[PDB]
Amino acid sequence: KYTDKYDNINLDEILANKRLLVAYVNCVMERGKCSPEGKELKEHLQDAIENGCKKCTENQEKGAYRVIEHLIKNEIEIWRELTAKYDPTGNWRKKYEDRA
């Protein structure tokens, strides 16, 4: 499994604060520096997409759905950029949008 050492991160505060959210977005989109957490996400995001979170902790799976639903509803443009870069064949795009 991926490490659980950052699993207590406060996702609600990241989603509530645009400056914070965009810092992570810029890290993963390679246009900004990465915090230790952001870096750990950037290094495992493609793998997780390729195997449907096979190595994710329960908290990470829960967290992913939370963040993805927020991006789809409130930052559609950021969702489009992320899904296109990290999921180019669209393995999960329609699935998450349908759930959202």
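Numbering follows the first chain given and starts at 1. In this text, the rigid core denotes the largest set of C-alpha atoms whose superposition between the two forms falls within 1.5 Å. Compared with the form deposited in another entry:
- A displacement of less than 2 angstroms separates the C-alpha positions of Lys62 between the two forms, with the rigid core held in common.
- Here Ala84 does not count as shifted, since its C-alpha moves by less than 2 Å between the two forms after the core is aligned.
- In the core-superposed comparison between the two forms, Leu71 has its Cα shifted by less than 2 Å.
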The other form holds:
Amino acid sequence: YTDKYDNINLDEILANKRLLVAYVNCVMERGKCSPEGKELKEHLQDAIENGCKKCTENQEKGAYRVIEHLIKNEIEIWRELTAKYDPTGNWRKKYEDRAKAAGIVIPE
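Alternate state requested, the form deposited in another entry (shown: the form deposited in one PDB entry):
We keep it simple here and write out only the one chain, dropping partners and molecules.
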């Protein structure tokens, strides 16, 4: 399935810092996107900008895996992503509330 491909690529991105940086740069429009990077970026952007209006259930889950990872481990990147895609902050708040409910402490 294309879902399986997304899942293993997300597994790779979250495990390898080089891939995560390349992916984040692709999402932030400051680096090249591979075809899979472009596909995952579409859903991560949809998640932050629009609450994943067009994401399938598996795509939304995949986007949140990266969101929670960034909130917990790369807060500065999470802040850049939300300033770019959700400055209004309603979706940002929904995800931050979910991460806090998972016990993640978020600095101001």
